[PDB]
Structures are given as structure tokens and as C-alpha cells.
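**Student:** This is what each chain is made of:
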Amino acid sequence: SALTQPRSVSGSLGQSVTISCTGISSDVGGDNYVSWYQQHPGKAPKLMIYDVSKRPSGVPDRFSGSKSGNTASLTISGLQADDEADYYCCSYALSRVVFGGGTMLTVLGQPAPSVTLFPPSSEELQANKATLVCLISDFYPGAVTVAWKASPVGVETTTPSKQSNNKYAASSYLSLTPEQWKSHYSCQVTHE
Amino acid sequence: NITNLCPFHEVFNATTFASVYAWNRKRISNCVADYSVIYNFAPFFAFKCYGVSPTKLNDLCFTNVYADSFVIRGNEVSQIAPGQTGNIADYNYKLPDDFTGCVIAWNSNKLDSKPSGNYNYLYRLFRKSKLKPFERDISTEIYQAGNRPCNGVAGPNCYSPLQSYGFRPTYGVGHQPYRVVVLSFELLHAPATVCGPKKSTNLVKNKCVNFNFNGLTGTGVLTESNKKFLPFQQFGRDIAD
Amino acid sequence: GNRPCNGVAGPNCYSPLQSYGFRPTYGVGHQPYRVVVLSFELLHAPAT
Amino acid sequence: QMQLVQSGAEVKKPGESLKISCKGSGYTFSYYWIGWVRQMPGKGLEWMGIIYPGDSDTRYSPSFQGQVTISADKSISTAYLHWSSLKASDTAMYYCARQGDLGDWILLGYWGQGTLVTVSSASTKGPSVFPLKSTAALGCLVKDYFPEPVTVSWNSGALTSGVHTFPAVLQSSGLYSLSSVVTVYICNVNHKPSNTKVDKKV
Amino acid sequence: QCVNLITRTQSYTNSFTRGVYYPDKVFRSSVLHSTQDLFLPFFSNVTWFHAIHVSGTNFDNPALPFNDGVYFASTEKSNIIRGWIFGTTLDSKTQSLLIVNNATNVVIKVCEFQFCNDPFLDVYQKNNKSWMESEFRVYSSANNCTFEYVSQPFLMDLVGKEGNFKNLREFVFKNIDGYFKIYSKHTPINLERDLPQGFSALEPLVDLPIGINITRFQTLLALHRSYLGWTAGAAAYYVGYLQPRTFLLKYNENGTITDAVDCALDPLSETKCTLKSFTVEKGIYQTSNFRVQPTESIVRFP
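Protein chains in written order, with the deposited numbering: chain H, 2 to 9, 11 to 31, 35 to 57, 65 to 72, 74 to 80, 83 to 109, 114 to 130, 133 to 171, 174 to 176, 179 to 209, 212 to 219; chain C, 331 to 571; chain B, 476 to 523; chain I, 1 to 9, 11 to 30, 35 to 59, 62 to 72, 74 to 111, 112A, 112 to 139, 144 to 146, 151 to 199, 209 to 226; chain A, 18 to 75, 80 to 249, 257 to 330.
Where hints are given, some of them may not hold.
Claimed, not checked - Pulled from the structure, derived: some chain I residues nowhere near chain C, Cβ distances all over 10 Å:
| hint | residue |
| --- | --- |
| 1 | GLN1 |
| 2 | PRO15 |
| 3 | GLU17 |
| 4 | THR29 |
| 5 | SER35 |
| 6 | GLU51 |
| 7 | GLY59 |
| 8 | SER68 |
| 9 | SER85 |
| 10 | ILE113 |
| 11 | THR125 |
| 12 | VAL126 |
| 13 | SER130 |
| 14 | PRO182 |
| 15 | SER195 |
| 16 | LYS224 |
What the hints assert, rightly or not - Pulled a few chain C residues facing chain I out of the computed Cβ check, cut under 7 Å:
| hint | residue |
| --- | --- |
| 17 | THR345 |
| 18 | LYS424 |
| 19 | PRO499 |
Just so you know, these hints were derived from the structure itself, not from any lab.
Beta carbons are placed, not taken as given, at the ideal position from N, Cα and C, and that holds for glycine.
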């Protein structure tokens, strides 16, 4: 059997959220072989729910669950800032452990992104290179649009970022030649 | 070969078995019980059988076959047997004198034992009367050993009938946990539904060989026919019966 | 089993001789029973 | 308290059969089942197998019966990982797990910190460091590097407050690029997969 | 819920040649095989029931006995009559076989149901077109069960229907030595009276060992109850009791039973069975001797 989970879930700080997961098998001797794991972005997973009627040591009591036939669910008594992470259900009734398709919990909050510009140094010009960096940060939503002004203007950018500070950041690197850089730019940012 | 095999997991491959006093039973019927996966599961400590040979089990037919899984101590494995006595044989699981089946037990010190103590397993030790053949007693009421009325908790004259197993890996042989699986066989007026693996062979045609098709035996050659057998018909018979 | 067995018992090979656990506490059916089989060959032969 | 730390990150070409280790402490690493969990970037967790350090008893997932083997040494309380016939699609993050006294033998009570194993044929190109109207903050730019994990420090670690590192950005040429800034200076960038360390001053 | 609301009227109809099925799964071709087994006598009188509902909720329907097998036939459009009931007491006192038929994945389960006076199925939710079971009014209570079974929907509507054409469905249930056998076959017929002339064999459909005893049998209706609270409906079916008789079966070149002879209908068929031939030439043939059966039993003691 294979476990399934909703890929995207949403919530709010102080509210509750539920994550369903099916595919739990039953064996002779017990039927509560259901466990849940929480994995922070870019970190190792941490056990938060095992033997649903019980909880591990050191885990906050805000986590809970329920059982209904072959369907299990994960309930949180209250969402916080550190709760924005992935969750995986697990079943260990047949002496084997399996994980679901993964989840992603998001919480609402207060959204003005800070825009800064940094020109390239002379060492890049000596190396026949020119990279203009436009930095975006201090924005809560996970969506941002990056543009450039020469007429609208290779250029690459990454929208998501690490959530170690409960915020998101964005950066873009306008790769150009030194001759084109000395021949002129301005960064354009669009946010909700 | 398209017949569905009965799932032999969830009884041998199960993570944690039921308690000795609350042993669970799985009904195996209307399937093909492939016992070949048992002989290579684990180095069993005991593999005794009663009434049925361990080798002929893969071919004999049975109406209903039951499997009971439970975990007991290593020094009490000799108690689960027809005619034997002890705590498990009298208050947890009693086998009749006419028991027909097999008893399987293997070491489980690496599965049902923890350094902090695997106190989840419980076994019954005090009861007013002995258990009947294939009887279960899940009652957890405080057994009144003394004549004084007992309170809501344990006391000097009344103790809990269910005691916990202090399974620890630091113990030697005899004290380690042993998973025990008991197989029960029976037959009655109801038609049989489980006969074990049939183990068919490759088909050979145009040769003088012995043929067997779902029980019909004979001697003769096999040749590709041009007939129009109906989807439900299986045997072909001419005018001469 | 198919594995060549060593000089001692193993998971796929056991001792062919099992011992009788004859105990007086057992009921009817498990108690020991002495069996004496008398085989006679009566035919047109010089009898002794 | 009980701890279980794994080895550092490694990077090799497909088919070299690298080895990863894990060191535990704070408990008797004999009576607890230990295993490993693989997770590719973008997908969920995938369990490979477990091993009981008390003996040679081992169990593995049906999808990893021969693709990976796990070994342990009770004398030093160290677990090991070994692969065979690696391919480019085998680059993934690996996590360890132990039994513990929280649940059953199969329940994973605790976890490690993770180990990144990168398997590719990009020859592990070394990175380069270049410095960047602010007055106010200063920063440095790291470009031309294939491996993902890159560590950047400022003034040999003397400045910790006001220092931040942004995720890498993949350029069109097939190489990543990141930038680190410090609130106002010598920026020190260290690259473990390529063993390259370049110092630059703004 | 359990409310007696299903009206049923019964009549009589002549079953000319219906009720013949394959006694075994053995292939026979160009051979006249005579066997003695439970069959339906030709030209016998069978009961013709008429289920009628007037939706006057805002009604008599007694049960039917079972003796070693009962012939069933139905031809109502849109498969109004779907289910059947089997058992020995049918009041949650002993295990009873319940058969439910629907559009996909029929369910067969033997349990101790407390069957209502008029057990049937009703659908609802017309406002959103999600037709499903509204209330399980077949039984008021359910005890522990023993066995379950799931199969494909058998004898559904016509695949690729034509303009206003009627189809006749037949069913034969029999339980011998613990094996419950079911025979069924559908034959499209014209818009004239039901049970036409000709011949049609019934192929075996279900054969499972249950080992339970059957004394009575019932059936399950299905109405298209739509809110606007109740909807009218009609269902006509045939019920015939079987008797152990001797029959001569004729097999064609394809292996199908094309005709049958009832060896106790008329002396001609008796001579046919004696000679094992459908064509009897001119002559005189000696048949089974007639015997006057006793009218009653007399017991004389000291």
C-alpha cells in the first residue's frame, strides 16, 4: 500500500488545520500503527506524532490526531511561526515503513519588500564580466516579480528562500559584458 | 495459477502481536494457503505438529484454518501444547486433547524487548477457573484472592490478574521474549475451501504423458482442438460417456 | 531445506527423532500405550 | 542526552561506490534498531533499510534490497552506508534514524541532521569570489560553481550579527551563484565539495 | 425504517418450455443425454406476481416458501426488480443469504438480517443528480455475519439498446450438498405476451459453498423515488417451483442445448425418453407400468 497526502494546505496563526492521509493497513495484534513526522525546510525530519494516543517527549502538546478506519488525520491545536514545514504520515503495521506524498503548510500574516541595488566591482570588469545584483527581502508572500530597465531588459532569479527568519528573500543576477555595462540600468520590482 | 494466495503476513510479519490473554484470531478460508513462506521466515525454536504432517500440509484440504499469534516468555514455550499445564496453558490459552494443528515459536529478543522495559505485553496469572479449549478472557477486573471485599486498586489480599512482561535485552536465554503462532485445523460438513499450493507443471502436448486437470486424471496425448467449448464448460465428453 | 546441513541442527534441518513427553498428568490420548503385533504366516508350509 | 550525528557531505562520480558513516553516543548502541531514510529534492521520504547492531540481522525495503546495504560496528558504535552502480539520479539527501525507547522496534524515535550526497559528472568545478551607492551594507559575490553547499564567512568569523546568506541562483550557463552581505571587511568563502577557499576584501 | 407499503397482486401463467438449464459444465455435442435432476415441468402452472406502488405514503406482500429450488423470471424495464433473499427463518435468528443487484459490483452476503415487511431499495438526491441509497429499509437490524462475496453486475440492461424493445430475464437458484448454484440467461423477446414459444438454456452463474439451510426466500425491489416525497412504480415477475423430474437434453454441433423433453408430460415424450430419440417411428412401445398409489396409511396394533 502507498500513503497519500494533500500537497498544499493553508492556515492562519492561532487557528487549526487538518491534514488527511489514507492507506493504513491493519494487522493481527493492533491497528494503531500510525505515525507522523515533521521536516523543516532544509533540515532533517523530526518525530512529532507516533502512536497517536501518545506523543514523544519534548514535542509540544499542540499536535494531535485521530483514526477512522483506514484514514488518518493530523490536527494542530494552534499554528505558530515554527509550524511552517512539511508533514509526512507513516505506517508500520507490516514491519515496513512508508511515507506519503508530502505536504506543505502555509500560514497567513502581515505582507512592503525592501529593494536594494549593488553595482559590480572592478575585479569583474578585469575578468571580462559584469553582474548587476538586485536584492529583494522583507516580504512575507512567496511570490515576487523581478524586472530591469535599460526599454525593458541573461538574467536569473530565485523566488523561494530559506525561512530561518520567518521571512522570504529574493535575488537576481543580471549577467552582462563589461562593454554593455559601461555603455549604460535600474531594477524593477512588482509585489502584491 | 491465477488463484489468489492467502496473505500469510499480518500474523507472522506483524510488528506487535496481541496480548496472551487477549489473543486475536485470523480466519483463513476461500483462498490458497502457501505455507512455503513459513519454512524460510526465521530460525524457529519449536516446530511441532499434531495430527497433520508438516510436509503434507502444503497439499491437504481443510474447511477452515485459524492462526493465533501471541508472545510469551522463553522459559514457558513448552507450556503451549495439548495436555500441558502452567500459567499460559490454564489461564491464557488452553489447547484441547484433540488439537489438530501445529505450534510455531521463534526468538524475538530483538523485536519485543527494549532496554527501558517492554511493559506493553500482559499475561493472565490469576483466575477463578481454568480456560476452556480455545477460550478467551479479556476481563481485567481485580481478582479477589482473599475473602475480604477488594477495593478499586490492588491490595495485600487482591492483585491484578494481568501481569506485565519485563522484557529486557540484558537477560539471558529463557527470559527473552518468544513469538508463538498456533495453527488450528478443522473439517466438518461444510465443503473445504483451502487445499494449499497445487504446484502445477509445464504443459506437454503430442506426447504419451499423464495429464491432470483440476482433479481429472488419465493417460493420453494432448493435441490442439478445433472445438467451440463454452466459457463455463470445462470437460469434454462424447456420446460413449 | 536445500542448504547442506552441518553437524548440528539448524533453521532448515532438525533432528528426525523426537522424544515422547510421557507424563502421568496427561489425560486419555497422550498416555503411553504398549503395542504387541503378532504376525502369522499360515500356508502349506512345514510349521514349527 | 542521546545524540546521533552523521558524516559530512561527499561528492563523487557515478559508479565510484562512496561510503557514508554515522557516529552515535549517549546510549548503548547495541539494543536499538538503526536505519536510514533517503529523500530526493522535491519528493517525500523513502526508507531504505534498518540494522540491529547487536547482531548481523538486517532488514531492507523491497525497493532497496540490493540497491544499498547498511552495516554497523558495535565496537565503535558507528553505522555505515554503501552503494553499488551509482547513477546521476542518485543525488539526494540522506537521514538517519534510531529505535529508541519511545515506541516499538520499527518506530523511528529519533533522527540525525542529514548528509548530502551529490552524484554528477560536472567534474566539480571550483567556485570564484568577486566583491560587489550603499552609503549601508557591503557584500561579496560567489559565481561559477556546480555543487550546491557553499559556506561564506566574514572577517574569519569575527562578525556574526548582521550577517546573512542568500540561497544560490542557477545561471543560464549551468552554474549556481549566491551572494552574502554584512551590515556595516574581508569576506571568506569556503567550498567543501571542491576544497576551494578564496579570501576577498570589499 | 420499516413500513409496509408495497402492494403485490398474483396471477397465473403457463410456462410452455422455460426453466431448462445446464445440469453440469461438461461439453456435449451431437449427443442426446438423459439425466435426472431438479427441473421445471413443461406446460406447468406458475404464479405471475405484479408489484405495484401508488406512492400513497403521505400493501399486502406475503413471503414465499422455498423447496430445494425456485424458478424466477422477470422482464420489467430498467431492471426494477434486482435483489433476492435466501435463508431458513429470515428474521435475524439464523444466517440468511442476501443478494443485492445494482449497476456495478453486486454484493452477496449471508447474515442475520431482521428483514422488514416490504424490503426494497430507494434512491434520492434528484436536486444534484447524485443517485445513491437513501435508506437501507431492507432490514431494521443486523447481527454478526459470516461470509461476504462481490461479483460483477449480472444480466444488466441491453448493450446497445434498440427502439422500445423488451428483454426477458430468467433465474434458477438451487442449493445441493452445501453448494448454492445460480442459473441465468436473458433472451430478447417481442412486445407480445411474455414467456414465448421456443427453447432457451440457462447457463450457470454463481457457485459457492455456504453449507447453510434454506427454507424460505424473498426478493428486493427498487423504485425511482424522486422528491418534488414518493414516486409510483410497477414490477411484474414470475415465480415457479421446481420438481425432480427426468429430462432428455439435445446438444447441437456447437455444444448448446437446443431442445429438451419432459419424460412425464405425455406418453409421446415418455417413448422419446425410452428410445432416447426426438423422432419416434411408427410402432408400439412398452412404457413404465401404471400403479395406483395409496390414498392413506392404516396402522393396526394390539
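**Student:** Which hint numbers does the structure go against, in order from smallest to largest?
**Tutor:** 4, 5, 7, 10 and 18
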